[PDB]
Amino acid sequence: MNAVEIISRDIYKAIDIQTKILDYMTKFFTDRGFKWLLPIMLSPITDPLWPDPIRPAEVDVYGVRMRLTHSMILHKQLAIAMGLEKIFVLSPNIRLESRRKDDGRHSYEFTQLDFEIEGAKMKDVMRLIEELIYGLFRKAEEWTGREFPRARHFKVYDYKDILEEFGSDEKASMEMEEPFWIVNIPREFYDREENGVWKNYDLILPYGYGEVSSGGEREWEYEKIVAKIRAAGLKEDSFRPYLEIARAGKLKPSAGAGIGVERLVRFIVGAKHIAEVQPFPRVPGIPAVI
Amino acid sequence: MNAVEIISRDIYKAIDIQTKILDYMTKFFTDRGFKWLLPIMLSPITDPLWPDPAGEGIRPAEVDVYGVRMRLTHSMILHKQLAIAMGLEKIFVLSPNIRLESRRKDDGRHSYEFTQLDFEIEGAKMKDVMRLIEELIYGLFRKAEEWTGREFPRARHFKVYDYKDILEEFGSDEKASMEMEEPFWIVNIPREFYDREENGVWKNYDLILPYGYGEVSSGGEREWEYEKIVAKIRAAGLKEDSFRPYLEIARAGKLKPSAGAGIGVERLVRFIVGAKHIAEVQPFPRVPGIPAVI
Ligand SMILES: Nc1ncnc2c1ncn2[C@@H]1O[C@H](COP(=O)(O)O)[C@@H](O)[C@H]1O
Ligand SMILES: Nc1ncnc2c1ncn2[C@@H]1O[C@H](COP(=O)(O)O)[C@@H](O)[C@H]1O
Ligand SMILES: [Mg+2]
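The listed protein sequences correspond, in order, to chains B and A. For the first sequence, the residue numbers in the entry's author numbering are 1 to 53, 58 to 294. Note that the entry's author numbering gives residue 284 to position 284 of the second sequence, counting from 1, and the numbers run on in steps of one.
Hints listed in this document are in silico derivations from the structure and should not be mistaken for laboratory results. Be aware that one or more of the hints could be misleading.
Stated by the list, open to error - Quick list of in silico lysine-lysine cross-link-like pairs, DSS-like style, CA-CA up to 27 Å:
id	chain 1	residue 1	chain 2	residue 2
1	B	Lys-256	B	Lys-125
2	B	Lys-256	A	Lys-254
3	A	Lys-13	B	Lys-27
4	B	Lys-13	A	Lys-13
5	B	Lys-90	A	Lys-27
6	B	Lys-276	B	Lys-239
7	A	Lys-13	B	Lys-254
8	B	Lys-143	A	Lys-90
9	B	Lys-127	B	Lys-175
10	B	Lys-90	A	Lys-254
11	A	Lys-254	B	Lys-27
12	B	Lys-90	A	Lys-13
13	A	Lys-143	B	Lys-13
14	A	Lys-276	B	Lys-256
15	B	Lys-13	B	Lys-276
16	A	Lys-143	A	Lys-276
Said to hold, decoys possible - Below, a sample of chain B positions facing chain A; criterion: calculated Cβ distance under 8 Å:
id	residue
17	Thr-19
18	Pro-51
19	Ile-58
20	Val-65
To be verified - Cβ-to-Cβ under 8 Å is the rule here; a few derived chain A residues that face chain B:
id	residue
21	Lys-35
22	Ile-40
23	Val-68
24	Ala-85
25	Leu-100
26	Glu-197
27	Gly-200
28	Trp-202
29	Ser-242
Just so you know, even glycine gets a beta-carbon here, dropped at the ideal spot from N, CA and C.
With the hints as extra help, turn the sequences into a complete structure.
Next up, the structure:
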């Protein structure tokens, strides 16, 4: 698609739905006393996205190598350390994944509504996301006149049982008709692990649409954080100012999640490919024309 | 300042105010039938920010994506015009920008990363946009009195000055802001190719805050005609090559007359909390010429 073809697509209904979704979700959080933060796109530190079942793009800023935002996870933990209590942000992310990830669900630029709550536990956040999704689905039925999944609470699968029964979260999505949780997934250092149990969670949409939200409780203790980083083969100086805050003992227990906005729009409009809900497509492996 | 000093600052009140401002502004637009778009951060093309009397001529930060040069968003102006070309009629976006301005721009009003609420309206004229901004600002200031218990400028509409006359009377827009006690408009400012120019008159506008706080909003009617646009690019010494896909759209006759503006969120927060320096309202400061530690 050249530039003219890109702007010649019909996208009005998807954008109409997107506007209603953003209105609903931002209000959901401000109604519950969340602070609305603005994003950052450049920092000496960012989410490594590893280990996880790709290097961040970099640019020089006044002589210092900065990373483009993979995700604001570390900055959300810092906002909690500043005592903001409950926060969310509409955060753009840049993830330059390969052509292989062009599966209809991935974009190399996207936005997630990313939130964090001081002191929250995994079951708190999951219940909160269930409340958000249930309400959103009921409204979407009014917006679109179509029927959406009806459950107030979603089945919870352990990561292991998903690999056991379906082989992958992929096959799982295709087989289900309700959103479902996958919990206890070994991954990045910031996610809390206790007694071999990872206190984290992914919300998977039915009908093959795949993951829509992901989060967890956080590690906040210096020794434990550095251990997981070293163990993973990550370099500590990639996270220096963060670890300095951790060493100072200023990180606080918290839990949160990110919700992929375009993935949600795609589900509600029922679009075959995520690019169809984006005015300026950002397809993995295909550098954007505009 | 270092990481621990940053996280130790007390900015709860500014963030509480920011939350109320974002709630108010986004509702203002959706209430009026505007569509809410998500931002783009990388693109082959971006706002040149030049010519522009308010800038020094910075080049966008660049990064390769699958081997192809992309520019980090200076502003989404060209993308707003393309959204209008897609028939979305009335649009807004909370758009983060990256502008690596020099230390000379560290005047308390600039940050090298910031967000603007950027909006565009198909068919609108400068008077329509200016009046909509007045409606938004007046209503915001009335709410701010309740949020803070302090007094804010009460004007329902703001006075209008030509740029040329500002220079003559005050010497600069900075001096003008220091002398005024209510917000005011500066219009007819020769600048970038996308602002509409007709027989020597630029159809554009900056909202300036009083008490030295400076500019908080800027916009204009747009050019949409290929030959007019190309001539302005060439006259400024810019390169058609830098705007190739946009110029393809323009050559095809698919740009439409429109007008819009951007409103600096952090600048507005700063004004309402009375902060000396914009860094005081940002959880992670981005001070011009100083690479941030976090
Ligand atoms: N490449 C991508 N394209 C579109 N959406 C994404 C992408 N990666 C993540 N998301 C969304 O953002 C959410 C948070 O992702 P994460 O930061 O990876 O845990 C996911 O649950 C998805 O909804
Ligand atoms: N460097 C900056 N730091 C903070 N806010 C800015 C900066 N540049 C522009 N703004 C705000 O964004 C609005 C739109 O800017 P512009 O795209 O330059 O017309 C301005 O009116 C300011 O309120
Ligand atoms: Mg300007």
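Now the hints, each set against the structure:
no., hint, result
1, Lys-256/B <-> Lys-125/B, "13 Å, holds"
2, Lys-256/B <-> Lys-254/A, "53 Å, violated"
3, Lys-13/A <-> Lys-27/B, "20 Å, holds"
4, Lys-13/B <-> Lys-13/A, "38 Å, violated"
5, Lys-90/B <-> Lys-27/A, "21 Å, holds"
6, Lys-276/B <-> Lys-239/B, "40 Å, violated"
7, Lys-13/A <-> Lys-254/B, "20 Å, holds"
8, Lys-143/B <-> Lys-90/A, "23 Å, holds"
9, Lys-127/B <-> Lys-175/B, "25 Å, holds"
10, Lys-90/B <-> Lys-254/A, "45 Å, violated"
11, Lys-254/A <-> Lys-27/B, "36 Å, violated"
12, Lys-90/B <-> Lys-13/A, "14 Å, holds"
13, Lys-143/A <-> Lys-13/B, "33 Å, violated"
14, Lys-276/A <-> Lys-256/B, "30 Å, violated"
15, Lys-13/B <-> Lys-276/B, "14 Å, holds"
16, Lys-143/A <-> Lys-276/A, "22 Å, holds"
17, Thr-19, "4 Å, holds"
18, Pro-51, "23 Å, violated"
19, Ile-58, "13 Å, violated"
20, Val-65, "5 Å, holds"
21, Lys-35, "5 Å, holds"
22, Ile-40, "5 Å, holds"
23, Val-68, "4 Å, holds"
24, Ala-85, "5 Å, holds"
25, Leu-100, "6 Å, holds"
26, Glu-197, "24 Å, violated"
27, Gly-200, "32 Å, violated"
28, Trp-202, "26 Å, violated"
29, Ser-242, "13 Å, violated"
When each numbered hint is compared with the structure, violations occur for hints 2, 4, 6, 10, 11, 13, 14, 18, 19, 26, 27, 28 and 29.
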